[PDB]
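All protein chains but one are shown at their positions in the complex.
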Amino acid sequence: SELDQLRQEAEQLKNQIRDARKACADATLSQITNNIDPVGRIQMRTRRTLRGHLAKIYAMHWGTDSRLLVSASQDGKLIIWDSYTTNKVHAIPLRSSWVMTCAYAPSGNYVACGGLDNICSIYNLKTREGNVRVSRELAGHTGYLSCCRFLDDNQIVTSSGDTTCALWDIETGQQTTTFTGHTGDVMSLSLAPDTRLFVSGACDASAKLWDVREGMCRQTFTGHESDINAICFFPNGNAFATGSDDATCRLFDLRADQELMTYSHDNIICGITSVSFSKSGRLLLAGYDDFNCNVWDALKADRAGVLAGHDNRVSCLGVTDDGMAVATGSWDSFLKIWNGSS
Amino acid sequence: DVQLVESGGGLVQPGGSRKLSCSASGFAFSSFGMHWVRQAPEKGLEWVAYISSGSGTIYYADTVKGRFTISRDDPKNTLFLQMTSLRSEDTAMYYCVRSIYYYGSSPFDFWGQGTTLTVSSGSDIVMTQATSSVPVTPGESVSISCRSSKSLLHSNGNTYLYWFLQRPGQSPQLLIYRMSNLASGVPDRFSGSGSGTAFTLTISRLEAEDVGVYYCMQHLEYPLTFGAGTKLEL
Amino acid sequence: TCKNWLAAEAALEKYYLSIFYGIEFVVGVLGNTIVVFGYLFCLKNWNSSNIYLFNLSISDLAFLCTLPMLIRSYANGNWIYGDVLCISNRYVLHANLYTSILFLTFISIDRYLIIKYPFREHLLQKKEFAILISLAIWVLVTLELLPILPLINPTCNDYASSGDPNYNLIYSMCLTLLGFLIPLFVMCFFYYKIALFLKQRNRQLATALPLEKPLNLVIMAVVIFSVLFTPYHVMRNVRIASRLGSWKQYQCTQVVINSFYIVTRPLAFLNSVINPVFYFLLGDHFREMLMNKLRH
Amino acid sequence: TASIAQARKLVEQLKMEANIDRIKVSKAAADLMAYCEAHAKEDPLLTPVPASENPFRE
Partner (left out) sequence: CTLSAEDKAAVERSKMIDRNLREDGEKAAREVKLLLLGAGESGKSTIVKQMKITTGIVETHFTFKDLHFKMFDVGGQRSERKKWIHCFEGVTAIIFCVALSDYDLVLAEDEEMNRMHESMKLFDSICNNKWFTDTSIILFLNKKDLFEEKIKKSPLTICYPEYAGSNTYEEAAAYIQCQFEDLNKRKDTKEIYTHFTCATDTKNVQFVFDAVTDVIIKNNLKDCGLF
């Protein structure tokens, strides 16, 4: 038979890859970092509280100027906040109220959203009239849209529940590239700082690294036991972190091609909803189902602090580009800005 | 396109009354605050009145308080100025101006065409433009200076100074807002800088359409004073 | 034969009043503190029902916070806090009593309006109107209780045994009519309408037929109020009318009626200890919301 | 047909994957430590900033 031959060849290739990875694992990161001082105890306080949403908040995203942000709720509203003064700049009503993601253009001129309607809608913020209007509606996915990120004013990459990712052209509305290879729903994606590669995580408990220009998969990372809900990229672009339903976070290195550290505790038995890094990459922030956020020493895998103050799930969090504040959204319909105290 | 059209001018005997109308088209009228500004014959600009978005705030100049009333009608997209007991110093051309206020916006960015009105026979910030006329030739570079009696720099990083240019036989046009930013549709030759009280506007090159009068205005506090502009000659 | 009557009256005023007042104080302050803390911490949205119930609890606490001086004075047998403290204790009592009485009837009206207009589409179901009505209730009760100042002027006795019986009788009858009977009738009318609606609804469908329980609670809300409030007013008015010169009994009957007024006094205050359990703690949602905060 | 094509695609992807070069874990760990150390002083969350320079003071 030929099916058995191909299955055996695939198994042999998997064994060869496992042996090649095991060859280069000489010492663990804990042993290497057992000679650096602990970060200490991290304490943060709530500076602002943004109210005005009437239902669960599902996503948020910072602007590149570290002052404006956009948030999406299932009451059918996108809201743009000025965080310094708490003022609302724009409120945008959506045609479909089942939104699950939102994005902010790095130029500051456009916003994007999508959800259970399988469509990514683009909104223009700078018009001769005083209103915000829809610019384009990208359609072509056969499952719910779970994430979207801008590359420039004319390019955007999305992940769908039909086990696929896509790179679009906003001016024409056509899919420029398609990324297939996952066997489960793709739940998140993250762009590298140079925007030449991106990493995705799916419900088959695996993550993948994709080349944007050539449109193929270079590397596949496994090790989790359940679905991966969140993914983030290390500041220097050579590592990334994943959060999953098995109540652990994990760190992967691109050049070593394997997992470096696991962040878990015996008192945590809930899934991770969101994950992010600090400006230097020393701290890792993760949001959980048990209503609070945990701060981890990335290099030593120790707990360092807790952000508490929400009455329901922490569904989204983000860190500014200058690293001055954190933002957390929640199912209790509030957003909070957090800062450290000298 | 954005349009503001004015009506209601003409000849009026002293002590009479008149109503001026301003009809808007091409933009979300209800979300903009609106201003009435006027220009006396062979003189400079002078702010008259302001009505906010939703008509929750109203401001008048001290020289017209008690005789002028500003109102808006949003369903029909109209702005009205009703004026009574008209003295001989009210003969002028009136302009309808739109302005919107949020973080990052550009107020005073569109002006109407204006309508003419002919009448038969205190702690305000002073804005000073020393030079009143300049001859110049194409291809060169020009600097225009403006000075203030108060520091326009607020304690939030913003300096509230605006630049306008009026070509002959035309309405004023915005060039620079908040002392550094460039308006939409304006060439990149124009630039602005300053400090506290002294401000300058520079034209890196020059063309044949930059002739006219240049005005500096302050938006730090009402009553929103102007300064007598500088005329550029060929 | 009224020697034994006088001895029994002295024993009652010495022990029964102090004991009942102490029990009522402790239980009521505990319950009302629990309810106030729960509302102030584990509550996000506020509607008319929440406002009325919160004000009722606040009035109950304010009323209960004036017992210890009375208990101590009755135990010792004299007043050791000053006359101004006499006019400052015996005034707050009655004002808070009648404020709570009015808040109960407004609770009944709101319960009728919730089934008359679901989705809360009536003007009376708005928070601002509820706050305005609460302020009006407080101010009106204070105004109606102001004419009690010159009568309790002092060594200071109870209200019903001080002053000329003529003005006492006039004000007592006026206050019994304008502060007890009208709210009772309004409450009875609106709860009757609610009962009719709930009977028809269960008669027009099979379902689980569970709407007998709210019908039971509707009748209990009416029974408790009347049972605890009526005898106090009857005995107070008859006691004041007893002192009248025209009704010169000139026998032991003067003492006995007085005793019959003492016993009814503390039980009438029972409504401020029953209320937190009946209107808040018996509800499943309030208990679950408190349990969730206990878990956190 | 369909299963054969799927298996062939999987085998080709697996063959393409096992062609990169992997550096030692110690080098990657040292690189992460070096990056974290070099940028430590520019992290307001790790090292809090004085209240005169915090934009979110209130």
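Per-chain numbering from 1; labels A, B, C and D assigned in written order.
Simple rule for what comes next: a residue touches a chain if its C-beta (ideal position, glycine included) is under 8 Å from a C-beta of that chain, and two chains touch if they have at least 3 such contacts.
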In the full complex, the chain left out is in contact with A, B, C
Contact residue for the chain not shown (choose from A:85, A:131, A:180 or A:222) = A:85
Just one of C:149, C:217, C:238 or C:252 touches the chain that is missing; which is it?
-> C:217
Touch assignment to the omitted chain, from C:68, C:82 or C:283, lands on C:283
Could I get the residues of subunit B that touch the absent chain, sorted low to high?
-> 33, 52-54, 56-57, 101-103, 107, 154-156, 158, 160, 219-222
Omitted-chain footprint on subunit A covers residues 52, 54, 74-77, 85, 87-88, 91, 93, 96, 98, 100, 116-119, 142-144, 161-162, 184-185, 187, 203
Contacts of subunit C with the missing chain: which residues?
-> 49, 111, 114-115, 118-119, 121, 201, 205, 207-208, 210-211, 213-214, 217-218, 279-280, 282-286
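Everything below uses one rule, namely that only the chains that are shown with their structure count from here on.
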Distance from the CA centroid of subunit B to that of subunit C, rounded to the nearest Å?
-> 68
Rounded to the nearest Å, the gap between Cα centres of subunit A and subunit B is 48
Please work out the Cα centroid separation of subunit B and subunit D, and write it as a whole number of Å.
-> 54
Subunit A - residues contacting subunit B, complex | 67-68, 82, 85, 87, 89-90, 128-131
List of subunit B residues in touch with subunit A within their complex | 1-2, 26-28, 31-32, 100, 102-104
Quick one: which bits of subunit D touch subunit A in the complex? Just the residue numbers, please.
-> 3-4, 7-8, 10-11, 13-18, 20, 22-33, 35-36, 39-40, 42-46, 48-51, 54-58
